[PDB]
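All protein chains but one are shown in place.
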Amino acid sequence: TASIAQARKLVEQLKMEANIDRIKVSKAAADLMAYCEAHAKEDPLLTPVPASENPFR
Amino acid sequence: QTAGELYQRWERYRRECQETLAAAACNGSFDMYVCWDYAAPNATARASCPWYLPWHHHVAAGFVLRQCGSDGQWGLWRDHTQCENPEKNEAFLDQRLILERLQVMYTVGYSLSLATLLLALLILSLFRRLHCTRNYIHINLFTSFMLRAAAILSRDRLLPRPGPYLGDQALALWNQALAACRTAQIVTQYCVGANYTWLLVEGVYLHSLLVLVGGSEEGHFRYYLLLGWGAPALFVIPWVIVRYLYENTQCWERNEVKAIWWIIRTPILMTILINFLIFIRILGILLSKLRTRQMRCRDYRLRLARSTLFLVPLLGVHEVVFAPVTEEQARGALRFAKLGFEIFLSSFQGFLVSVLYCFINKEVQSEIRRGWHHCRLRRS
Amino acid sequence: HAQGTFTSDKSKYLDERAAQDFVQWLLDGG
Amino acid sequence: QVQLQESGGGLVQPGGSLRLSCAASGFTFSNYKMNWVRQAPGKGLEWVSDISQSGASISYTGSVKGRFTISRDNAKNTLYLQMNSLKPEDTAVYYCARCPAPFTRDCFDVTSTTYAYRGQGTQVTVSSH
Amino acid sequence: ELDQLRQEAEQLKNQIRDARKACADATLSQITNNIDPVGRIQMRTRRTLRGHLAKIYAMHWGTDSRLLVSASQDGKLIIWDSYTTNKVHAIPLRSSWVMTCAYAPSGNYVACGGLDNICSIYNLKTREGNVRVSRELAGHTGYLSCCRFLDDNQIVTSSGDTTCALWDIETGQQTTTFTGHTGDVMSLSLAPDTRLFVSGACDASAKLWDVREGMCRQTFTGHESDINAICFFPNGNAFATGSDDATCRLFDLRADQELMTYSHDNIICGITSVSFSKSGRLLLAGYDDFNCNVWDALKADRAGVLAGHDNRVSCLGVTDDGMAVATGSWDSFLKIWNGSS
Partner (left out) sequence: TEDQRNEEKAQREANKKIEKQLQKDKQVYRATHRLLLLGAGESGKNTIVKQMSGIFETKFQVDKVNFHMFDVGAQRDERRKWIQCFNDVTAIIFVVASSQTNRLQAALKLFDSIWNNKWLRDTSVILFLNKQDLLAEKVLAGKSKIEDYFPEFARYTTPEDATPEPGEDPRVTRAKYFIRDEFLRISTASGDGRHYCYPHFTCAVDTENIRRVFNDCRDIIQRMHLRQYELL
């Protein structure tokens, strides 16, 4: 039937999603912190642009 | 029939009596009231009523009595009953008390209405969410009431007060005060016409929203604006031409000729009658839709009474009540008391319309509460 | 229009009381 | 992960009694209106009864009105259905279902074929033999 | 047959949960406690766009940060110039109801989609100066919810029939399909390198779809209710989802579990649109209760509020250079916000 085929597809999908490489939370979180710290100066919303360079002003 | 014409007629009668005594027993003279000719001794001499009296058409057959004795001297007593105004002056003093109290009353009422309409107009103009065609004609109505208040106050202030206390002759004609009085009178009549015409415009606009099938109101909005400001000029300008050509006075406030006042009272009473018919039809439609719901037996009649009190100052329905009253009934003393209530209703109509359409309105309260919440969030 | 009739009545009343006070003073003399 | 686990049922006698439990895991239980769906053999899904967040608003399908008793427990995190005086027309697959939005009165598509938040369900057979 | 497959599925899900618990090395808040906070962010409206009559449902910026396409429910697709508030283009729509719009990275094509189950792609290369339907696409049965351009020849498209599609614009057929959802697929977000993308749906789970392979790699189940919006962190490693349970959730791809929950007790209304900034420090979430919120993505604190819309905020968009933030709401207004100093 369709139900057993859907269940086999779910089991195969869980088998595909189970054998994956996983990195620790601290390393990737430190990478996100490094990206935010490195690109903090160029962001116009975090660091506000002066009125002369701002086109909408 | 003005005071300056009275001083001019008294000066002309004094000059005529002086020329008569110069061109001329008890020696007749000018005792500041009537000119006395030479009188035979021991006789009740009779003088005619002098023509400078404003009521001389009614006392044209009267005579002033004065006794001349046999020694050639005038008598002490003098009878002037036949030249007297029959209406008693104490009732006129009570009338002046009534007029002064009512004028202070509508002065305070127009000041409060002017301040409230200023505040309401600023509230409607400032907020950008409330820019609606309905709010546009509310802004035009509030502006018309504001111009009404300003014009009436200017007309009252610029009017020249009579000068009986002065006594001595003065230059009645003014090259400035009379022109300002005429200008303020024309502006006052134009603002009254604008008030009633914008009441008509809002009545026709609500009739068009309720009755018509769904045709777009954006296209013919200009017609409403044109009708609202066009109609006062339409009936004021021939009134100004008739007051210039036929009956000219120092001010255009006195209605000596009633036919010139009928062309002012006709497009106002016609407007009030059309607004009353639209009021009847809107109450019929509202009664049908409000009866259709039928929540509770007391609630639908209570909401009908509330909406009637809400809708009467919008269309001038109380002005219908004062419409049948004839001039013959107006001459009665009761009309003096009735004028106070009518002027009270008319003067405070603008204040009631302002308060009901600004403070009472839920949407305006919501907008003001949201703006105050943003201001308190910005401050804190 | 009510208020125009009011103002007309006040102006007529002022003219009439000025006339009555003027006639009174003239009767008084001096 | 939002999951609902039904428990109870099986083969019962007509006019008997039965109790159904519904364990909820993966969400805040007290904020969702919940309900029961049944599926007869050879028919589609249909609504049975519901209960609100606090437990005041309780309504039933009129075919079983006055016969079933729904009761939620927020502290023990379990929905309960008591079923007494059963009929042979009540044999069905039972689904403990949750309405999708929090803090709302309405439930749009609980009775739908591929609704994703209902439980696996339980079998109840009320055959006489 | 069903019993052994369901037990095997439960054992595999328990194995995945145990692997996610074992890979949980630390907490993001515990290591970002020693971070200076952003503080109060006060943004002011610079421009206000008033062309639409019906409610505005979706918008999308251009890659030059100059032109923006907005879609309304009356059947109007307006290309605005953001600087001078001038409407560069007005396009009538064949279908009155539109639920998605997209602007091509080259700038020549504009896509729209709605309840007609047809994605309409319009070309701006016309020498006459009049817009035209370049291609219509009809392969979805459920309602069309989100579409984003990869390039001028391919487009990724989301529909309400629990499927996603990759369409070839030149041929006009689906290049491939993606079938992994049990609920209505509300939104998609493309990666900056366009190798992967993510799909947020009504099954309280987000999928990481691979373009070349055609299967989903990672499944994220952390929400209680329907997920409305999804967007990538600008490196491509993390992504944030907004849902109807008044909570945002920042998920990580390599950690394969949720990182952070953005929630407040007084906020009970839904979420419609989320988007990061250029750096990724600020998360801009358009909620249902008539305002937007500026969350700090590291500290999980409300850095700001954007209460400028009379009606609920439907869509939110950030420029590529990060200069301005445009929010479209159901009161037929587009509000452009920018910070002042």
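Every chain is named by a letter (A, B, C, D and E) in the order it is written, and numbering of its residues begins at 1.
Note that a contact is a pair of C-beta atoms (placed from the backbone, for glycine too) under 8 Å apart; a residue touches a chain by one contact, two chains touch by 3 or more.
Visitor: Which residue, E:6, E:55 or E:135, contacts the hidden chain when the whole complex is considered?
Guide: Candidates E:6, E:55 or E:135; residue touching the omitted chain: E:55.
Visitor: Which residue among E:202, E:267 or E:271 touches the omitted chain?
Guide: Among E:202, E:267 or E:271, only E:202 touches the chain that is not shown.
Visitor: Which of these, B:240, B:290 or B:312, touches the one chain of the complex that we don't see?
Guide: Result: among the candidates, B:290 touches the missing chain.
Visitor: Looking at E:116, E:245, E:252 or E:296, which residue reaches the missing chain?
Guide: Among E:116, E:245, E:252 or E:296, only E:116 touches the chain that is not shown.
Visitor: Tell me which of B:71, B:90, B:168 or B:218 is the one touching the absent chain.
Guide: The missing chain is touched by B:218.
Visitor: Using the touch rule from the top, list residues of subunit E that touch the missing partner.
Guide: Contact residues on subunit E toward the absent chain are 51, 53-55, 57, 73-74, 76, 81, 84, 86-90, 95-97, 99, 115-118, 141-143, 160-161, 183-184, 186, 202, 226.
Visitor: For subunit B, which residues reach the chain that was dropped from this view?
Guide: For subunit B, the residues touching the absent chain are 134, 206, 209-210, 213-216, 218-219, 285-286, 289-290, 293, 307, 310-311, 360-362.
Visitor: Considering the whole complex rather than only what is displayed, give the residues of subunit D touching the chain that is not shown.
Guide: Per the touch rule, subunit D residues meeting the hidden chain are 40, 42-47, 61-63, 65-66, 100-101, 104-109, 111-115.
Please note the rule applied: only the chains that are shown with their structure count from here on.
Visitor: Using mean CA coordinates as chain centres, what's the subunit C-subunit E distance in Å?
Guide: Here the centre of subunit E sits 84 Å away from the centre of subunit C.
Visitor: For subunit C versus subunit D, what separation do you get between their C-alpha means, in angstrom?
Guide: 94
Visitor: Give the list of subunit C residues in touch with subunit B in this complex.
Guide: 1-8, 10-23, 25-27, 29-30
Visitor: Can you name the residues of subunit D that touch subunit E in the complex?
Guide: Residues 1-2, 26-28, 100-103, 114, 116-117, 120 of subunit D touch subunit E in their complex.
Visitor: Which residues of subunit E touch subunit A once you look at their complex with the stated criterion?
Guide: By the definition above, subunit E touches subunit A via 1-2, 5-6, 8-9, 12-13, 15-16, 19-20, 23-28, 31-32, 35, 38, 41, 43, 46-47, 82-83, 180, 215-219, 233-235, 237-238, 252, 254-257, 259, 277-282, 297-298, 321-325, 336, 338-341.
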